[PDB]
Structures are given as C-alpha cells and as structure tokens.
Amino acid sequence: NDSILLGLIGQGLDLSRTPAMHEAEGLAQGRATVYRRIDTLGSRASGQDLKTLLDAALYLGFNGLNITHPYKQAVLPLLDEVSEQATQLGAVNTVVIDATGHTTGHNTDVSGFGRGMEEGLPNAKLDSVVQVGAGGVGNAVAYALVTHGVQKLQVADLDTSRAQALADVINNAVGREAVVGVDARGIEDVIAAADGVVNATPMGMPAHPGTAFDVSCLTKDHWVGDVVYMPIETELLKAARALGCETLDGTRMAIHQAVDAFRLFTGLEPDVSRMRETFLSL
C-alpha cells in the first residue's frame, strides 16, 4: 500500500492515454498512483537533456518511467541494465527504477504487440506476412511478429534505408533471416500472395486519411492488423472487415504495452479488462 510514482519522458504528450491507465490501475489495487507527463515540448521540462530528466526521476523517488519518441534509442546507454530483447532491438520504452535509483530497461511495445496477437489473432496463419512501415513502432512490431512464429516477414517503407536497417536488426536479434526488406512500389502484389499484412504507417489517422496500399489486393482469407488506434476502425480495417477478414486493431498493443509496463514497475498483476476500459473511455 506504498504509493507509486511513475512518468513518461517524450514529446507532445498531452493526449497520451498512458498516465490515466496507470493511475487508475494503481488505485484499483489500493495504491495511490501518480503518473506524470515529462514533456520536453511542455511547460516544465523544455530544454532539458534526457540524462537530466532520467537522473531527476532517480533522485525524487520515481518507481519507473516510460520512454517514447525521440528517446527510445538514446536512453539505452544511460541505463544500468537492459533486457535481452530491448538490447537486441536497440530500443527501450520502459525503465524500472529500484529503491537506489538503479535502472533496468525493457521493451513492452514488443511484448505488448505479441500479447495482442495471442489475444486477438489466436488462429492466424503466420507463414508469410507483410508489414508496411519501418519506423519506431514498426521496429517493435516486426520483432514481435518473428518471435511469435512468423516465418518470413517482408517489410516495406518509402525509405528503403529504414526497411533494410530494420531487417538487419531483427535478423540479428532472432538469429535467422526472418525479415526481408522489399520495395514499397508494387507492394500490393506482395500482400496478395501473403497470409497477413500489418500497417505500421500513419495512414488512417485523421491527419493522414486513406490507406498505405490499395485495399483491392486483400482477400477474405487474409488477416489484417493496424497500429493506428485513432480511429479504432481505420479505412484499412473497414475494408478488411467488409471481406470477412480477421483484424487486429491498434488498441490491443496500446493497452498491452501499458499492462506489461505496470507489471514491471510494481510487481502487481494488472487487470487487463480494467486497463482496456480506461483506454476506451478516453
């Protein structure tokens, strides 16, 4: 029944649903919980280096942090220890801070997305999958996919440097040639031949309306995932549903990254349904 102190270091955090999820679940477990935005574009932490903010959290009794863009790679060398998976991906989103200020990095984007696939696509065929988008979120998603039984993942990005760098990182992490960079041009025919496809681009968001590829390449037998969670039903997922495809919406990763982080931070077993209800209520 000791109180819990957490925060998120990142940029442009006002609309994040992560603080609310953690504050509600700590309270539901009888533990007063504060989860603060630490926004380097905002009114308190502007102009401060990542190491200053991390050090501050240590000194003033935080039990953990999340880390988001543009800090998930930069944070690694600052930490005392880093999980195998976070090390091999080269990205940390969760920092557990023990009673002395010792830090351990983890990656709950990877574990989160993996859990979403178990929960939402238990019967999906995983032999051949396409992922469109090789940014930050895409890096974690690809890792999750190929450690969760995807045999061959083809990753396309408008920026070829990003897709190949992704492939190299993941293949090293898993010890086999699981991932292949492919061209974005003509991606539809690649998708058509695969078992499933995941959008890991901004397409579908209000400010990026549409889809990353022509949905006419989908068939009823495909499964389709999307990282975008606002709106939950993206134009891509609506097209997929219209055909009868199984779909994996973006709220599953979003919720599970927080479930997994709360467990890491506190040692408590989070209630997934309550954290899901918090998320959807915002």
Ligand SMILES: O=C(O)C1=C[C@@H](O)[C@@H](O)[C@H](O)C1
Contents of the next structure:
Protein chains: 2
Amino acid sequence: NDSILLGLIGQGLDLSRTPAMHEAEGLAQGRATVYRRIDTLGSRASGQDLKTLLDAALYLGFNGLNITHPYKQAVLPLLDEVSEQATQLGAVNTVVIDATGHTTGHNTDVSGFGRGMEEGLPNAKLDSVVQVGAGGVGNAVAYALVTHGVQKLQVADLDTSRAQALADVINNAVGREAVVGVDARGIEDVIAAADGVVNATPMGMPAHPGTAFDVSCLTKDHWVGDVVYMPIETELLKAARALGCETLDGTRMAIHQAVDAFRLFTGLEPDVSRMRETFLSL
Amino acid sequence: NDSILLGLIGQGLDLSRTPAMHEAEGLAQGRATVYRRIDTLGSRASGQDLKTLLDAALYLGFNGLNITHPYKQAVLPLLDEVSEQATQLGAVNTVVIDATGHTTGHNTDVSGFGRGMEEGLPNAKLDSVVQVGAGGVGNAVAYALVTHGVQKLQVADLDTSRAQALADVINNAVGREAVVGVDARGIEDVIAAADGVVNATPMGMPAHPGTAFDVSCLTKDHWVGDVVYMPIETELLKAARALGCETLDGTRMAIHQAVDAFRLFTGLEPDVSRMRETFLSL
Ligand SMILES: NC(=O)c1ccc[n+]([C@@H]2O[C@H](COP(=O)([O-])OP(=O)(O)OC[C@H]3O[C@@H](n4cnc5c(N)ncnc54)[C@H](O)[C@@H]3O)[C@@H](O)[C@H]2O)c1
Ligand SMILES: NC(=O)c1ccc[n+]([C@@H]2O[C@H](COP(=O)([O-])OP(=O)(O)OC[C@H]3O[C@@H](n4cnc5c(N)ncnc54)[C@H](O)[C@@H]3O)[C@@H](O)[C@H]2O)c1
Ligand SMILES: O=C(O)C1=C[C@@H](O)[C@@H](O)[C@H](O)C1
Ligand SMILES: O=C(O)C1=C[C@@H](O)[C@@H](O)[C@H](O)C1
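Can I get the form deposited with the named molecule bound as well, since the one above is the form deposited without the named molecule?
Every component of the complex follows; first up is the chain already shown.
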C-alpha cells in the first residue's frame, strides 16, 4: 500500500495530462500517488539546473520522473544507467529511481508510439512511410516506426539538417539504412507513393492551424498518423478519414507513454482503459 | 482534490508514525497524500546539508515539511518567516511551503503538548510543576507548560547548563520568570512539594528502562506526565496511576503535533480521532 511519488521535469507544464493519469492509476491500484510538475519556467524550480532538480528528487524520495523538453537529451549523462533504446536514440523521457536512489533512463515515447501502432493500426502496410517533422517527439516516433516494422522511412523537416541527423541516429540505432532525410519541398509526391504518412509537426494545433502538406496527395489506400493530440481529430486526420483511410490519432502515444512509464515506475500492470479514460476526461 | 506532498527532515526516521498519520488523514479528506521521510542517515539524503534538502522540497512541489533532530534550531535562519513562538523558542518543527515556494516555520510540539494538557489534564492544578529533562522535546514542553497556565516550572537536567539555558529562553519568550533551573540531585524533594511532574527524558523507553527519579516521592494528589510514547504506560505513569493520580501519556503530544501541522500544511480541519487511531495502529 506504499505511497508513490513521481514528477515531470520540463518547461511549460501546466496543461500536461501526465500527472493526472499517474495519480488516478496509482489510487486505482490502492496506492496514494503524487505526481508533481517540476517546471523550470514556474515559481518553484526556475533557474535551477537539471542536475539540481534530479538530485533533489533522489534526496526527497521520488520513485520516478518523466523528463520533457528541453531536457530529454541533457539528462542522459546524469543518470546511472540508460536503456539501450534510450541510449541509441540519445533521449530519455522516463527515469526510474530505485529505493536507494539509483537512476535508470528509458524512453516510453518510443514504446508508446509503437504500442499505438499495434493498438490502432494493426493491419497497416509498413513498407514505405513518410514522416513530416524531425523535432523532439519526431525522433522517438521515427525510432518506433522502424522498430515496429517500417522498412523505409522518409523523414522531411524544414530544417534538412535535423532530418538528416535524425536519420543518422536511427540508422545507427537499428543497424540498417531504415531512414532517409528527404526535402520538405515536394513532399506530396513522396507521400503519394508511400503506404502511410505521419505528422510530427505542430500543424493541426489551435495555434498552428492547417496541415504540414497538401492533403490532396492522400488516397483511400494510405494510412495517416498524427502526433497532435489536441484536437484529437486534426484537419489532417479529418481529410484522411474522409477518404476511408485508417488513422492513428495522437492520444495513443500520449496515453501509452504514461502506461509504459507507470509500469516502469511501480512494477504494477497499468489498466490501459482507466488511463485512457483519465486522459480523455481532461 | 489536489494531491498533497509532505516530508520530514531528520535523522533516524524509520519508526516515525508521523508519515502514516498525515497520509491517512489526507486520503480521508479526499486528497492523495505522500509524506516522505528525508533521513540524512539513509541512502537517499545522507551527506546533504539542511539547506540543500529544504531547497529540494521547494523545487519539487512540497507543500510542507516537518523538521526533527538535529535540525529544529538550524532550520530557522533558512526560512522566510518564523512564527513568534517558534522564533522565541528558537526551534521549528513545521514548515509551511506556500504555492509559490515561500517558507514559514511553526512549532507544533508546543501547541501539541498544550493541546494534550487541555485534552487529558483539563482539571490539573498548575501552580507548581517540575519537569525532568531539558533536551530537544523538553524545550517545547516547558514553553507549552508555562503558556498553558503553569505559574512556576522547575526544570532539572543532569546537564545543569541545559536546564538554565532552557529557563532563559522560555522566560524571555513569555516575559516573566516562569522557569527556574534546579539541580537534578535531590529532585524528589522538589517534586514532592509540587502539583505535578513531567518526564522529558528517555527514561521509560525499552532501551532506557526505569524512571528519572524515585517514584516514592509521588502522592495521590500529584498529576504526572510523560513524553515517552512507547510504551504508552511507562513505569512512571504506572506508579502514578497506582496512587490514583491523573496522568498525561506521551501519545497526546505526538498525535497533536501532527494534527496541528496537518492543519497548517493544508488548511483542512483534521479529524483528531482518525489521526489518533492511525497513531495507535502502528
Ligand atoms: N502524442 C504525443 O504524445 C505528443 C507529445 C508531445 C508533443 N506532441 C506534439 O508533437 C508536436 C511536435 O513536437 P516537437 O517538440 O518535436 O516540436 P518541434 O517544434 O521541436 O519539432 C517540430 C518540427 O516540425 C518541423 N516542421 C514544422 N512545419 C513543418 C512542415 N510544414 N514541413 C516539415 N517540417 C515542419 C520543424 O522545423 C520542427 O523541426 C508538438 O507540436 C505537439 O503537438 C505530441
Ligand atoms: N511525545 C512526543 O511527541 C515525543 C517526540 C519525540 C521524542 N519524545 C521522547 O522524548 C524523549 C527526550 O527526547 P530529547 O530529544 O529531548 O532527548 P535528549 O537526549 O536530547 O534530552 C533528554 C535530556 O534528559 C536528561 N536526562 C536523562 N536522564 C535524566 C535524569 N535522570 N534526570 C535529569 N535529566 C535527565 C539528559 O541530560 C538530556 O538533556 C525521547 O527519548 C523520546 O522518548 C517524545
Ligand atoms: O508534459 C507532458 O505532457 C509530457 C510530454 C512528453 O515529453 C512525455 O514523454 C512526458 O512523459 C509527459
Ligand atoms: O520523527 C518523528 O516522529 C517526529 C518527531 C518530532 O520532532 C515532531 O516534531 C515531528 O513532526 C515528527
């Protein structure tokens, strides 16, 4: 019945649904659970170095942390151990803290997106996929794609250098040329020839209305995924659904990263439907 | 329904009943509550300076802390504000942390012992009392005694200097010569002439069996108190009860310090009977 203490280190955390998911699921399994935002833009933690905040969590009896932007790369050298996937990606979003203070980094963005593919695109054809966007979440998405059956992934970003760096990282991680950086300009023709496409840009959010490419390149035979989870039905996914395409909405990864982290943090088997419920309720 | 995060900074905390009391009462009032030991003898926090640990709690989203030995004096200069009672005593056991990180020190050992007198000795004659022991908890007990109606308190300690320092601190706090240091040797004759006596030494604990003075000096008309709370019925209180004396057991202060701190930490009205229940159940 031991209480569970967790937090999230990052910037601009007020709207995160991750604390609620973990607090509700802990309680549902008979464990009082606190999950605190540790926001370096906020009044409590501003100006503090990542190492200070990590060490604080160790001293205070935290059982785990999530890590978000801008710290998912910076955190790695601070940890005692890092999983092979998080090591090869160079990004950790989950830190398990042992009873006595030892830290292990994991990446449940990767495992969560992969689980979302299994759950929401079980029959998808994976030979050729395009991903638009190579930022933060895009790196984990790309790794997930090519580890969950994608043979060739073409990644486009306005910043070609980001796409090519992504490709190098993932290809090294997997040990094959799974990923190719391609130009953003003319990406429609590349998507048209592919089996599926994933949006890993901010486009579709209320503050970034529209789509990252012209949806007229889609066909009924494509599948389409999106990382954006608010709104759940982005303009891109609306356009795909209108053609009869299978779609993967961004809530799947957002929920499953938390499912997977909860399991790592606690050793308990999370109830996916309960955590999904909490996510959707906020 | 916001979750509550609390801890205790001190040494040798495994057997504290304070975390359980606060966790259970938070939950009973519909708030998931974590209360962590922050033990500088343990694996998480050893070697860290008090200031490091206090700052950690601020950064991490703690709502409050208790402070125990050896830090109840050292903590004062680290806090933004300290209550008048804790300031004059020179000892803080409770730190309220505001939403945005500001700290206020309080002393609920003082308020808790006083409440115990009201609750368990409502009819006690208070003109002349003896206290044996001037350590850590003894300072708070002495302040409580003379602020809850004791006219003259005689404090004995094997270390006369500790008793006289206590007397100076309390007398300054109250603004009268309420307390006098007296020799431990011959304390029985002093107790015999007094209305009541309080044990503030370790005597009566399993590892300190016996009594701090010869109980043959007690009469049926005395009242007797004890700070020791395990066992609840110390040899001293057994001897008092055998004569028909009213007695004050150490659980009252131990419970009420937590009642009072919970109120300060949360702004909720604690249920005393529930917290007492939790205490006794451990
Ligand atoms: N599902 C989830 O769990 C989850 C979690 C966090 C964030 N997100 C979403 O992921 C989005 C991306 O997050 P991020 O932190 O990687 O953002 P980021 O800004 O670091 O990366 C976005 C990338 O998209 C590129 N881009 C923008 N428009 C483009 C276009 N038209 N064509 C090609 N590239 C384009 C940018 O150059 C940038 O490199 C966020 O806006 C958020 O909506 C989802
Ligand atoms: N009720 C409660 O909430 C509560 C909380 C914490 C501790 N305690 C109890 O309080 C006891 C005292 O705690 P402390 O931290 O102040 O201990 P301490 O060791 O700092 O102080 C005890 C004092 O008793 C004196 N002493 C010992 N035997 C004596 C004797 N025969 N005559 C005169 N003086 C004597 C010592 O010289 C010392 O100064 C603990 O052992 C514990 O059982 C009670
Ligand atoms: O702040 C959020 O909502 C989160 C964002 C992602 O970085 C996740 O990986 C993190 O665990 C939770
Ligand atoms: O560790 C304990 O059991 C405690 C001891 C006293 O110092 C109290 O004042 C503190 O709040 C809790």
